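The chain below stands alone and is given as structure tokens, in the form deposited in one PDB entry.
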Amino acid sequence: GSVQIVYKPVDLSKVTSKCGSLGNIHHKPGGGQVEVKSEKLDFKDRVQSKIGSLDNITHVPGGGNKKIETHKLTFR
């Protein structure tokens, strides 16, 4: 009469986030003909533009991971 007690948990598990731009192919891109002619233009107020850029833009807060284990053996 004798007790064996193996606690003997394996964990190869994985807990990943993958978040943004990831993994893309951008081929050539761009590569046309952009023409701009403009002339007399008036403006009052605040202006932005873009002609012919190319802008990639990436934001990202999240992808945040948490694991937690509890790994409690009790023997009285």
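What we label the rigid core is the largest C-alpha set whose atoms superpose within 1.5 Å from one form to the other. Positions refer to the first chain, counted from 1. What changes on going to the form deposited in another entry:
Once both forms are fitted on their rigid core, the CA atom of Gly23 lies 2 Å or more apart between the two forms. With the core held fixed between the two forms, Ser13 has its Cα displaced by under 2 Å. The Cα shift for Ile57 between the two forms, taken after rigid core superposition, is 2 angstroms or larger.
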Given for the second form:
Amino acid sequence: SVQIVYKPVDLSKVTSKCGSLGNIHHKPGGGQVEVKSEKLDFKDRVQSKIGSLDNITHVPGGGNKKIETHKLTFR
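What's the form deposited in another entry like, now that we've got the form deposited in one PDB entry?
If you are looking for partners or other molecules, they are not here, because only the chain is given.
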């Protein structure tokens, strides 16, 4: 006689908390911004940002990836 019992159990947790969480910002204050430009020249792509206060959260990450394999094989 042969008996095989195959009963792996998974109760595990996987978790990511990525970015800005639970922070307090109280009266954050951008000052005056002046940009003055004259007679400039450009011969390729210009990417420009101007501003008094920028608050930015950027999250390419925090991804979860679970790979699981089971392979009971007999004779």
